[PDB]
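Construct the complete structure from the given sequences, taking the supplied hints into account.
Each chain, written out:
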Amino acid sequence: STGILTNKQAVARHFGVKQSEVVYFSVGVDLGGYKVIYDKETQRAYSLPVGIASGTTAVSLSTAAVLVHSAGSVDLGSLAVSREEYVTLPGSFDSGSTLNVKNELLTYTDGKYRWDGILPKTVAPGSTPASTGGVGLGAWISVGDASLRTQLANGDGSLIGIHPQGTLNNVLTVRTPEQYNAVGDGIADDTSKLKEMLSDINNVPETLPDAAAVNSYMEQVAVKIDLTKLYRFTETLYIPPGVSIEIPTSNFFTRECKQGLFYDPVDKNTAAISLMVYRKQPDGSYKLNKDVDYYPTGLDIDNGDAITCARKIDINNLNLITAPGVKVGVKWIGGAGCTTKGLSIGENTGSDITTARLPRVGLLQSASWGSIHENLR
Amino acid sequence: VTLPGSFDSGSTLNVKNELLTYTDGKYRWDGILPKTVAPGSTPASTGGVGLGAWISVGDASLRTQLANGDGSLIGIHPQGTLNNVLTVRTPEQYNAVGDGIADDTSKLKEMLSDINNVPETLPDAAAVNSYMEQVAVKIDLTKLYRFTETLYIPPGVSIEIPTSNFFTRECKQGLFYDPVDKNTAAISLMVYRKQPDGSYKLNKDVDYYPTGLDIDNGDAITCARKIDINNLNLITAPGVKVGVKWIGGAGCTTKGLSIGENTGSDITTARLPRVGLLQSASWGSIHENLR
Amino acid sequence: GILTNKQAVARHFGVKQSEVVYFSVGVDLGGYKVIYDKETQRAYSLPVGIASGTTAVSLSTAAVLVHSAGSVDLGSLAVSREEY
Numbered sequence: 012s013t014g015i016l017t018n019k020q021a022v023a024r025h026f027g028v029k030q031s032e033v034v035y036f037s038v039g040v041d042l043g044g045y046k047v048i049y050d051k052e053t054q055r056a057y058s059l060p061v062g063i064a065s066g067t068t069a070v071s072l073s074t075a076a077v078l079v080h081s082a083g084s085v086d087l088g089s090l091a092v093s094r095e096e097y098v099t100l101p102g103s104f105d106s107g108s109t110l111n112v113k114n115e116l117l118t119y120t121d122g123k124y125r126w127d128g129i130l131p132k133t134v135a136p137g138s139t140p141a142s143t144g145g146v147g148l149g150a151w152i153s154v155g156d157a158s159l160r161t162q163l164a165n166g167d168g169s170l171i172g173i174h175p176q177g178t179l180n181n182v183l184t185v186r187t188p189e190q191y192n193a194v195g196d197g198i199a200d201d202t203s204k205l206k207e208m209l210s211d212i213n214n215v216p217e218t219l220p221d222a223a224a225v226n227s228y229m230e231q232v233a234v235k236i237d238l239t240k241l242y243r244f245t246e247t248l249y250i251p252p253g254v255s256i257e258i259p260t261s262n263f264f265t266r267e268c269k270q271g272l273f274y275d276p277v278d279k280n281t282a283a284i285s286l287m288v289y290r291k292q293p294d295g296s297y298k299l300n301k302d303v304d305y306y307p308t309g310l311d312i313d314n315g316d317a318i319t320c321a322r323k324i325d326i327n328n329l330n331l332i333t334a335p336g337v338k339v340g341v342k343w344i345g346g347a348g349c350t351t352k353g354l355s356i357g358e359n360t361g362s363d364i365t366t367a368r369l370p371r372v373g374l375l376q377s378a379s380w381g382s383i384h385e386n387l388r
Numbered sequence: 098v099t100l101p102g103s104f105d106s107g108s109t110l111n112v113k114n115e116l117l118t119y120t121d122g123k124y125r126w127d128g129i130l131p132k133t134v135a136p137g138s139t140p141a142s143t144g145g146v147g148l149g150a151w152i153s154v155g156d157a158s159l160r161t162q163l164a165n166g167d168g169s170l171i172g173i174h175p176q177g178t179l180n181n182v183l184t185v186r187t188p189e190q191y192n193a194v195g196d197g198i199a200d201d202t203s204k205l206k207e208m209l210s211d212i213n214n215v216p217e218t219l220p221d222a223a224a225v226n227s228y229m230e231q232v233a234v235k236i237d238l239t240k241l242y243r244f245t246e247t248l249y250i251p252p253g254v255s256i257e258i259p260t261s262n263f264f265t266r267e268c269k270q271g272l273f274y275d276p277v278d279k280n281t282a283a284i285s286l287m288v289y290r291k292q293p294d295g296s297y298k299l300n301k302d303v304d305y306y307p308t309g310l311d312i313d314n315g316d317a318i319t320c321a322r323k324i325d326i327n328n329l330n331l332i333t334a335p336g337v338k339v340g341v342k343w344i345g346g347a348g349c350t351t352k353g354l355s356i357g358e359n360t361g362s363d364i365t366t367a368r369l370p371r372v373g374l375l376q377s378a379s380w381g382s383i384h385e386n387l388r
Numbered sequence: 014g015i016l017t018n019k020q021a022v023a024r025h026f027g028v029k030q031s032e033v034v035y036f037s038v039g040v041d042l043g044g045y046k047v048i049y050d051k052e053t054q055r056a057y058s059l060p061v062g063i064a065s066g067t068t069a070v071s072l073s074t075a076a077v078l079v080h081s082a083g084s085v086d087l088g089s090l091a092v093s094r095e096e097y
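First to last, the sequence lines map onto chains L, C and V.
Residues 12 to 388 in UniProt numbering are what the first sequence lists, from first letter to last.
Residues 98 to 388 in UniProt numbering are what the second sequence lists, from first letter to last.
Residues 14 to 97 in UniProt numbering are what the third sequence lists, from first letter to last.
Accuracy of the hints is not assured; some may be wrong.
Below are the PhoX-like pairs computed for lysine-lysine, each with C-alpha atoms no more than 25 Å apart in a straight line [said to hold, decoys possible]:
| no. | chain 1 | residue 1 | chain 2 | residue 2 |
| --- | --- | --- | --- | --- |
| 1 | L | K298 | L | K338 |
| 2 | L | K46 | V | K29 |
| 3 | L | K235 | C | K113 |
| 4 | V | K46 | L | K51 |
| 5 | C | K204 | C | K240 |
| 6 | L | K352 | C | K235 |
| 7 | L | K29 | L | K46 |
These aren't lab readings, by the way, just hints derived from the structure by calculation.
Next up, the structure:
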């Protein structure tokens, strides 16, 4: 009656079409010229494809919105998806729901999703997209601005295309302390951040069973680190194998260090930075050396008394300053084949050396055959 | 208002707020209205996308724009956009598997080709020399790529890996040459050899190396310059004849180039080549800390 | 008047006309998917799981709905559903 007319009006205003451009589905109805079709049973409306000739009549309309007519067939659900004409179902993944059409969206805490798999799709209460098929072609597909924001925020850059081809995640290989929220002002204690940054590269346990265990850590993927601010730390940093450290330029008699590492421990009878050398214990196991004065001898390495875990380490322009009184700057122990360029230790704080930010002993090295220090300062 | 139809069906736009659906999202027309769109049109074939033409609108469009762009939609500090600072190339951009198992040859070759695509056959000396006057690009190798045919490095290429191998038991980053024909080189520079017709062909003979005389009488023309290597690790299947053919690389430079894997006690099954490196016609070349 | 409005609101949200309820003091909220405030002339999806027998107590201009079983800020729910 008038109900049909006022509804057509409601539907039309929603899609931006004309009242006459809306047709109700019914077996045998002429589909020609109409822009939108309304299923009175499900009470859902769908844009019709352009091209239905006059005289083409309706045969059937599935609950998944598949429309069959005298001239052929068409998935109104897929068409709706392509046109971003969606219905956001009540509830959520948490409440559970049942999906019947490709253009139905279910809300999750991080945005909306459509189901690209077999329909109907039942979602049990307490669900998540991961627990109900996962994401991707044939499963759950993220839809809408809210889910785009969360995806970009929690992603790895794979949504960002780059030239000549590929995506952003393909070319981001360098790490920074900023990824770990290091303050970088040389005041705040950035120790935990620096250690996590290194641990994420090569996390080697301080105690290990045998030689095969220790040696295994020299066989991992190497990663480059870029230090562009000033990081104050308070405990000896142990560089694991497979680490490349980089800084734009090297210090040269600089009064105020602005980029690099600042060692400021409570215990000054220690080293700022050390390579990893494992020492044999009575039980037969091995423990990372933490003793400041220790250095392995060739004998120690032959006795099995020591096992180095310092390989594939490269340094470019690292600047290291220390609080006055610190015993040792860098312990280059067991670093065979390891290399350095522009390693710069100590700060030219001022005229009085007793208060200058430099160590008593700059560098201590042993068991480092084939190592090269280029332009060390 | 999303108009009925699409770019496939064609349409006519009359208002600034009308959107026409394409396969990758919606667009409004920012030019002169009314705008007629013939059936079978695409935004690129009907004005292109930009101010005064087709303007991308909505979430679907933003997703595709971002996914197929170059980073120009992303602002960066202190100013400019992402594309302004992405200059390095990687095998991952070509979907290399990087596990040392899958054959990544085609991907690596494509990557090199996208930097400087040098034809294996050239008409003359002038043609060959031109390829040494192209923009150089840096490549970052962070995984392990197995390849099965000799890779020819064209001029204008810089290769880097975070660190260099050193008596490494198991190579984790770099190139692993695993060919069927082991009487070959893993990596080679480009040197062109004169043919009876006067044309030039890329050398692909493992034993060939140019001599000073060869260059002098035009029998050989180098196409190897502006090439720099920092920390490249190269291992090969046991029995591979030559690791690196550094031929004609005048002024070319290396640092931390590391050849061969310390696989185990039996050298017969070690993943290293019979001959590590063969070099000729490379005056002014420098190899720093070659392993 | 009311029926055509329910139609309008239902097509906007994609629900059935009978799944739209007008707010009034005491109205039973069970089973409805959308509620309409005749005063502000605004509609809001209802949180799922409101049992039959749960009646409306009050609806503020800030869209906070108080019913016999508790309360819900329909504005916050709308935000989570990107219904603006």
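Status of each hint after checking the structure:
no., hint, result
1, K298(L) with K338(L), "holds, 22 Å"
2, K46(L) with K29(V), "holds, 21 Å"
3, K235(L) with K113(C), "violated, 50 Å"
4, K46(V) with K51(L), "holds, 18 Å"
5, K204(C) with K240(C), "holds, 13 Å"
6, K352(L) with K235(C), "holds, 21 Å"
7, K29(L) with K46(L), "holds, 8 Å"
This entry does not satisfy hint 3, going by the numbered hints stated previously; all others are met.
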